[PDB]
Amino acid sequence: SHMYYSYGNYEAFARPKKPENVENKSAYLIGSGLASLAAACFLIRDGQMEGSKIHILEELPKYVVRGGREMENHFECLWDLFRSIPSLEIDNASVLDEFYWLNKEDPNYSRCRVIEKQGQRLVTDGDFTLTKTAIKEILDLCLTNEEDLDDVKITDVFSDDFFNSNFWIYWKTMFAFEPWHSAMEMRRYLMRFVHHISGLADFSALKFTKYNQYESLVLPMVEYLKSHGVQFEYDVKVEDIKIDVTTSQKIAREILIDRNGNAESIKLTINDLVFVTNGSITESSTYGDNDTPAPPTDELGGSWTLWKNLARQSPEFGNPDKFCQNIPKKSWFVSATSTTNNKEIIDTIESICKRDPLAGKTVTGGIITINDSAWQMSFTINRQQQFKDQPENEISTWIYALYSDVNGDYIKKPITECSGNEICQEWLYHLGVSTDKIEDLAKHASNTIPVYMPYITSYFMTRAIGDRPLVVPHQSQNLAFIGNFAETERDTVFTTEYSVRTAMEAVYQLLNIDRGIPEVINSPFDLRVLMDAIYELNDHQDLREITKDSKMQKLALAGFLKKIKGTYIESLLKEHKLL
Amino acid sequence: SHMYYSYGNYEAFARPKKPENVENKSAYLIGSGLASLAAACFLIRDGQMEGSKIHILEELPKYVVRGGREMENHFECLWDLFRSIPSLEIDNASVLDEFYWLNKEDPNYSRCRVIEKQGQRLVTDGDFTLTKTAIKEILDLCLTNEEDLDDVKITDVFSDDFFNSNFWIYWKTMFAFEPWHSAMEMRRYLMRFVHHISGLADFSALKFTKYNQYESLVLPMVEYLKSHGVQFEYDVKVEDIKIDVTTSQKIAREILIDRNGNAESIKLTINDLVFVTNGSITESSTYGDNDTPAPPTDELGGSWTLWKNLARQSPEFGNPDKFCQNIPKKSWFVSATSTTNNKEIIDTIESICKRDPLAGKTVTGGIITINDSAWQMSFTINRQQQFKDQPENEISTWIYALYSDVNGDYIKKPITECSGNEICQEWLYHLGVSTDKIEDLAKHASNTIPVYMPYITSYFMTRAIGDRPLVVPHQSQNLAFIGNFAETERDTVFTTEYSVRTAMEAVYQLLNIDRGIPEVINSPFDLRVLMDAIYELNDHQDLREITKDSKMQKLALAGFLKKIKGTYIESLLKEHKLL
Amino acid sequence: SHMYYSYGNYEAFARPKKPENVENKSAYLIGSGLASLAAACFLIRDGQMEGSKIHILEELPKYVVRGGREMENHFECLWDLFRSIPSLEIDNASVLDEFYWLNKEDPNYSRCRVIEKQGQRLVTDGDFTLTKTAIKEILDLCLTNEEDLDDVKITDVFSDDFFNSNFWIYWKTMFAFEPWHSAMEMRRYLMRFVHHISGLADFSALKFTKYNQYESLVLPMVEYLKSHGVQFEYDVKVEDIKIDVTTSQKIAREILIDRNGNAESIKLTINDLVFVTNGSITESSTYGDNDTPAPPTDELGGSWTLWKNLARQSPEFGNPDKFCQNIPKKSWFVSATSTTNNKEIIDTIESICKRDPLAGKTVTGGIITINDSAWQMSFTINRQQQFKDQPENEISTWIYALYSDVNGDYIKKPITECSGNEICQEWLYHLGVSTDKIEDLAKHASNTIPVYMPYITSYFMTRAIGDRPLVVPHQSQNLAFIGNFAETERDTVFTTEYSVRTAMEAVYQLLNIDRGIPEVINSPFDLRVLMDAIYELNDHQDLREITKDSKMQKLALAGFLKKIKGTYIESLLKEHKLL
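Chains as they are written, first to last, in the deposited numbering: chain D, -1 to 60, 75 to 591; chain B, -1 to 60, 75 to 591; chain A, -1 to 60, 75 to 591.
So that you can see chain D by itself, here it is in the shape it has in the complex:
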């Protein structure tokens, strides 16, 4: 046991001892992603490794919005990390300090969630409209083991009652889930955010940064790492890492890189740690403009080639083909971001979200789902402006579509074949803008940049156990896997927390840092949380109202209330407005 999980304020504020033999240890980190930079920060702070011994290998040499970066309060590893990181906006404060102070002065909530019939709000908005069978299937999925859900799709565990509910409409759009996705990952998602079911439709439980995660999270970490003398090597293309797998231990021996076009090798010892971010969701991302579509592609990038090269060496390094291959053509591929300063586009937006987009505060509260759209288009507007040099009179909205190969409503072309204006054409169509001024507002009054990510749905692909490698593989001395494609316990991928948690576990295991890693929050194992979930799932109903029709449940409930009458259980039932 090279690590142990913990919770509470004891292990939270505790600093560990300097681990043994660190001063003779180095670290090479492949990529400059969020997980990679988090691991470097943990090595500096918790590992007490000097910055000169840490190397960041970056492929690249020395308005686009990567939306869907929702955050919540119980990102335990994220706030553990973003505590010692000083901020860049205000002085004598941390990244968490600004985030805490900004989310308490302007709480995030959505006054409108789903619209249909070209602008009109959904009549059953706010309600989940989950049937008894739909709630049963939700409970059945959560009560099944993770081992029994290998290579199981969403459609295999849910019926048509679930998909016709408003709960699935919120769930499939918040997390960009698809019906052909991993049931293991969805079951992790249900259990992780079971305490946010009350704040699911209105996004009251969601927290957002002042800007994009690049300048709010990545840039503060870059400034922090550069202050400690962390070496950043650029123009480094990592081909493969030579691993010798013996029956007793596995050591990274050598890395083959392409340093500025010249292929050369770095030698490794047992002390020289290697952190690999296997796979990438932003790799091979072709871009477009307001006049031409983003060209589709399926070219495996550097991150996917490295994982394929590593996987050939050992079976327990994971299967990269289960994520980067055979991605359905109906999956989410194309995302667009549209920037405009035109008044009547903003006025139409304000007429739907009931808030001023130029006010500088929460605008939409999150995303807005177009239920009638064939593309399953969903758009969001964050706290404008999300960028530094962006003018104060301009807004930046982010548009993504779930289905890809279906013709749109206003434009009879798939999202993959539509240019930047054409995506903006159908977006204005569903906002209630008339079909006369719709054309010139997109082509001239707005600038929309499409982007085609062929791997933006890879983390939710159906997988088995061992498809994702462990964060530290078994019997591994200096090799770690970080990012959204590393296997850890009870955590949800495609979150900032997952990348940070994998970074923390990798550093703590390799360096034998004897401090408790904060576990995933115990919401699914909490009596109070589960009781609030039951109330919220069936549209704010008491136990008498939930079982008012079924005789088998009515008899069981009558016996239950008799045995708990005048007890602390009944007090728990009443205070959670279930009785």
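I should point out that these hints are in silico values taken from the structure, not numbers from a laboratory.
The list cannot tell twin chains apart, which means a pair is met if one copy fits it or any two copies do.
List of simulated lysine-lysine pairs, DSS-like, C-alpha gap at most 30 Å:
(1) 574 with 560
(2) 222 with 254
(3) 424 with 342
(4) 455 with 425
Guided by the hints, dock chains B and A onto chain D, whose structure is given.
Same frame as chain D, but now just chains B and A:
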């Protein structure tokens, strides 16, 4: 009793006394095979015979792969021999030292075993899919006496349920078994590798050399023997050995040889030991090239002529006709090895075996069986390169076909009539390569050398007791029989161990070396091994799951668990995951 | 898993790689016992540690026989150790080489085992005379789990039928067992030597050295260690070792020693290994002479004080009080050795053992049990002479008594109160020597030296799991426990093998030596061995004769023979003379 079997560390590290009257004893060894060179090494080391008194008689004067040379850890005689043999690659180490160190740093295991429908993996791969009757017949074969299995074919003891199972697919390809082969030899094979049933499909129990057995085993022994002054006579063709068989003893009196074309005779005394390797599986092996087939033949060679001449002198010298005659035309005759450096052939290979062939490590883990092939083609790629001067960018694969007189899938000709490219044509066909670039990749991008061994299936021919002579015949003073056609106890032919074991027994009996010969491993007689075999044979099932359908076994099992409840037997059942 | 068990010739002759970071590691070894010197030999050979970094701490500054040092062939760890140790008697040979050669030219067997009525042999000698219930209890003890036998005496698992059998007479005298001893240790003894049941009464399976273990084993190891520059520090009294036990790891930090009367401390790092031989069976051993008894004592020595000091630091370091305290007063305490050259004493000995004591070969084959003696006196004579400077005309016999507080037959005093001659008085009494010349033969013609070991029965004291610490405790970095009071798997204490096995496991775990440790022999898990045991236990009887009286077994046997008729099982039954 001129010898005794032993096991454990006592007789393993013990050195025997110098046997009596050795300094007046000589040794003439016919052939330079693996068994012959092993006997010379034992005479030098254990017999303490000087090298000048040992003669090696070789027929021959002073890329092809002889694949299927699997090795496992329990080759007790082989590691006893290859301990005092110094290595040729690294200094101050033995042959076992390199083999131990290489197989612990890169363990051998196969990520793919059987493919069908032109490239796609078998859906039931890894599983055995043995029915209850198939497991019953496997147990029945092992529980029958060796004396009752004389001249018994494989089809005579197995039914159609066994042959439709995946277990037979692995078994018939690992050992190149045929349905018309000896049941005695298969029963020996089942009992010998009963402890490797868990590691049967994935080849986790198999061990491999760095190169072919010629340079990994034969050449180190040649260098060892030459260092001790062992006489090697070349251009010596042994016709027959004059044996006088009296009622009390049998002595080799004289050997007729053809020394460099001149027929002359060597005289023998009782002291002058003679070691004969009767029969040969590589004899009369015609070769081909990339454009012409290997010409079939049935010409008896030097080894088979010598055995026939020896057999006429005495009935207990064995029956050579039971192995070298009436070999079925459907038996394995033709093997091919293909060398290429073309990228897309290697890429297709990497796409199936999930490992880089040019990495220098385990490539396929063993063989790959084409289940849909009419030829029953099976191909393997070992740790490239298997040769010394071979370039680093080239791979060498070995292809053999079980059935011989049946037309292939892509080429409507038997394997016996197909040239080197044509064998490579159908091999690329079953790898999933398209039927447009299939032709020029074999004829131009690859070089394949066929070879026709007419006796590569002789050791598995159906035999009775006495068909193979004893290693030392009864009442024999200076004549011994070594190799795969000598009869010993409980050991499996067509292994490197069998040739070495026969060499060790012959030297120990003739010289009266009083040291325990390491017995065949006691896996069939081990409680723990047999229990692990039961779990693995029925696809990882407990006793409750195995007997869940049969009422007769269910009643017997219930009584069994009642009598062993809370005992060490139940602890044995649980720790072997059978309960 | 810091170690793994193995068997066979593969891991036997294999040499491991030099383990990592050894050149910066040291080793301090407390005591100069057999286990301590074995650990130093393993560190030199397998660990490749230089001799200057190994320290042996000895309490003592720079004819008595410690009898009962029986050896057998399957001491797997002992022969693994005593292979690289050169001998001191003959050149170009090892310790195993001499032992193998001496035990093959003069096999050890006893022509007389038990005598009674003052010299006459037991009428039922050779036979076990085990009843059906006694055999049942023997099987029941072996079939019970080790976990369920915590603090269980011998009397708690056996009845009066077992103790009246000749099997118990041999068993209680060969191993010096007592009725109030550990059932766990006896169950280990039954399972370990289940393959020596045939050679139990006649001692045909026992093997002996040329001299005592000090000069045959300890002195060759001392010469071997001194040749490699191993540091031997004398006049070092180890008080206690400072251990800091954290939640993650345990490190030996400092050792308090008394170097030549001056108390000073040695500092320790994580690299500096410490090997502790907790407890001692020869500690506080008072001596006597031919005229005065050995004074009884109960003073805890250096070894027991160190274990008590270590046990206070951590609960999983074992309970020393369960072995060194509350030892029954009837337990074996006093042993005597008598040296004489008188003719008529030797002639009487030759008249009983049927062999010449002065011949220089096997004399008694082992021990001789006096069944009628109240002391339960047993005496042995090994291959004279057992010493170097001892004259050729003198013999040395070793006498021990099981019961201690009971009056003898010829002398109405306990063994604890009898002087050296008086022990020799009663020994001559039971040899058949007349009661007239009995007195002057002991007082004048013989010299007998008593010795009082108060802890010679501590290893067989009743214990629970955790009473003996693990060889390497859980989460221990540089602390190991070796000797007969360390807990290992399936091995029997009070053997030379147990001390060596604990030494090998400690070195292999602490240094992470990746070589298979030879497991305890698989005799209890062997079909062939268990079948031979059944035949021998019931006095050479077939299955028809064993179950000739019980109807329940007769019906079951009839069904068994019907199902195995004409099978390999029946062949196994016949060849083991059970059918």
